[PDB]
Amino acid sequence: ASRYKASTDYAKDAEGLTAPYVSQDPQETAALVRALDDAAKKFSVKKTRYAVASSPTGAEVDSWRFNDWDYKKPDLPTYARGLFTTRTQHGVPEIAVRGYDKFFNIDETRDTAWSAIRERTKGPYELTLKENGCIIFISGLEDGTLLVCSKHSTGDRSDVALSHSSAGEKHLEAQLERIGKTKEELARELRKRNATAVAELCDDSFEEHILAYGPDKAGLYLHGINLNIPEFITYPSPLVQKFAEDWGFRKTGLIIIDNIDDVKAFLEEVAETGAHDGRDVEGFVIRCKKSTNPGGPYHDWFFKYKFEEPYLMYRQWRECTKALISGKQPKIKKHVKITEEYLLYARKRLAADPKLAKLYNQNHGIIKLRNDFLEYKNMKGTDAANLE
C-alpha cells in the first residue's frame, strides 16, 4: 500500500471547502483564565507573562505550560499545548494563541491503541508529514500586531543569541517580502479568522535537528490553523496548504486514507525503512474525528506514528557526541557495536578539527558528522540500525 504519496498539491481541492469559524466568548475565556490562575497558585500549570515588543498598545500575553503527562488526566480546563491569553486595550480577555491539543504516539495511551483508534475514530484520515524543527505560532492581536511565538515563549532572548520565536519571525519576514505582503496584512487575516497559524521552523543554518533542511528546503512548514477558543477546532489540511500558498509558507505533505486498516498497513510498511517517496521521514501526524461514545458527537483528534529507526540511533549519536565533548559518560542504550565505532570515529574527527566541538554544541555539524561516519562505513543509516 505504498501507492499513496505525500502531496503538497491539495490547495486546488480547497476551492470546494470552507474554513471553520467560531468567535471567542469573553465569559468562557475569563472562566478558562480563572481556572488556569487557580491551578497556577498551588495538574500543575506555569504562567509566564511577556511584553509584545511590536504592540503600539503595550499588549502583554500570558503563556500557560503543563507537564506533558498531565494531559492524560481528565477534566483539564483545556488540552491546548501552547496557549497564550491576553487582555485587549479595551480590557476584553482573549485567547491570543492556541496550539493543537496534546497528542500521543500509538500505544502511549489507552486512546492510541489500534483497537481504541479502530473503535472510536472516523476518517477520512489525514496523514501529515511530521517535519523535524521547532513549533512556531502566529496570530493577530486586537490592536493589529502580528504575534510570533515559540511553544511557550515570544520576544528575543537577552543575549546576542536569537530566540526560536525571533528566528521564526525573520523567516516570516523573508517569505512575506517574496510574495509582496506585510505582517500587518497577515495579522488582520488571522484575526479575521480568529486563528493561530501553526508552523515548523526547519533551517540547518539556524539549528540542526535530525532530518536535514538545506537552504532550498529551509523555512516555516505550515502544518496547522487552529481556532482561538478553549475547544480544539483545526482546519482541514487542503485549506492549510491553500493558506500556505497565499502567505508564502512551505507546505506540509498530506495523504488522505479512508480506511483505518489501510492507515495501519501504510505506516507499518514505511516503519521498515524510515523513508517515503525518496525522502527520510521521522513520522506522521494522523488527524481525524473522535467520539467518547464508540458509535456520539465527534471532535478533531490527532495521534502520531513515529518511525523509531534510524532516527533513535541518530539522536543517540548526537547525545553521545555532546557527552564526549562535555566529559559526561555517553549513554549507549541501543546499537551498541556501531555506536562504539561511531564514538571512536567522532573522537578522531574532534582531534583533527578542534573547532568542531564548539560547533557541535551549537547544533552545527551534527548531521555532517553522522553522514561522514556512514560514508566511512559505506553504509546507509537504516543498514547501521539493522546490525543490532
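Rigid core: the largest C-alpha set superposing within 1.5 Å between the two forms. Numbering follows the first chain given and starts at 1. First, how it differs from the form deposited in another entry.
Comparing the rigid parts between the two forms, the hinge point among 350, 206, 29, 309 is 309; every other option is more than 12 positions away from any hinge.
Each of the two rigid parts keeps its shape between the two forms, while the smaller one turns against the larger by 15°, per C-alpha superposition.
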Given for the second form:
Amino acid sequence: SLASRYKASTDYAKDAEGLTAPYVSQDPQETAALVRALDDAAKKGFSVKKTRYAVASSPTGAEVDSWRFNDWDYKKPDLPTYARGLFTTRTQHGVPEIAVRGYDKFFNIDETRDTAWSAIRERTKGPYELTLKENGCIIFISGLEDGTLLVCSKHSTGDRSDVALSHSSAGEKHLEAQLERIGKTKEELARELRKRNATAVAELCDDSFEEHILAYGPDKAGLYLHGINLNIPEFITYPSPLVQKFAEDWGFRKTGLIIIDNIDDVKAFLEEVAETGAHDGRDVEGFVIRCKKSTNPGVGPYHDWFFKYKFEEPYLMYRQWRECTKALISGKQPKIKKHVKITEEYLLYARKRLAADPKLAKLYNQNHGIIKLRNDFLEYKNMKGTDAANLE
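Let's see the other form, the form deposited in another entry, since the form deposited in one PDB entry is already up.
For this one, just the chain is written down, with no partner chains and no other molecules.
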C-alpha cells in the first residue's frame, strides 16, 4: 500500500520558492592543507593516485589534479576527505581551489556498521529524501575562475582516444545540445556554478553511447541531474527540491523524488518495492536515501549523509543473461548459476534470433542490443522481468 501512496515526482521545483540554497566560500588555507595531505599519500607509493589533466577549453591554460582512492579506504576513520570524485586546481592568480567535489562515498545496507538498519534509526534524522537511482555513468560540472566550464567523469576529463569518445566528452556533448535547446551557453552555466561555489552532479544515460542495465532510448536519453555539492572539503549538498529547480532552469532531465518523514515507513517502502523491482509502472534499480547524521547522537551538528538500497532482482538475472549472450557469440559454454530453467529458454531464443539475422552477432559483440534482446524475449513469453525471476 505504501508503494501506492508514495510516488516519485519531478514537480518539487515549485516548492523551492521558500527554500534557500546553501553557500560557503572556499578557504585557501584549508584547501592547501587538504592538498598537502593528499600529495604526501600519493608519495607513500591509505593509498592515493594523482592524475593531472589540462583543461582544453581554458583560455588561461588551467590544469586540474584528480585524486582517486580505494573504495574500501573510505571505511577507515581519519582520512583527509571522503569525497569520491575530487579535482583541485590553481587559478591564474595562484589561489588553490577545489574545482570539482563529488558526493561522499556511500554504502549499501549492512555493508558497514553505519548502514545497519538499527544504526540508521538511531543516528539519523529526517525528513528522508528517496531519490530514484538512474543507471549510467556519473558526470560532474563546475565553473573555473577564468569562466571555463569544466566537465568531468568520475576521475577523468578530456579525451585520449581519437577513435572513441571518452565518457567525459560524451557528457559534454549532451550538455552542449541541452543548452542550445534553451538558448544558453556553456559560459553562462560556468558563471552560475562558480557563483554558487558548486559542482552539479548528473548521470549520463544513453544507449547509443553505452548500454548498461535499463534501457534509455532516444526519448529518455540525456543528462539526469541528481545533486549539487559545495566545492569545499566537507560534504554539503543541496536539498532535492532545489536540485529539480536547477535542472529546469538549465535543461537537465530531473531525478524522481519521494519525501518520507518516518524512518520505519522508509524500510517498509523499500522492502515492498524490492518484491517487484518496479514502482509507478517503471523499472527502478535502486534508491539513494539522503538525510542528516551526527557523530555521537543528539550532540554535535548534523551533516548530510547518504545510503543506497539496490534491488537484487530481476537485475542479477539480467546480468547473467548478458554474460550468457556474450558466451554464445564468443563460442563458450554459458555459466548458468541461477534461474536455470528460464535462462535455458532465453538462450534458445537467442540462438534462434542469431540464425534469422546474422547481423545481430556483430552488434552484440559491440555490447549493443543485448537489452532489446532481453525485452523481446520477455514480450515473446508474455512475462514481466519480475515474474521470470520468481519461477524458481
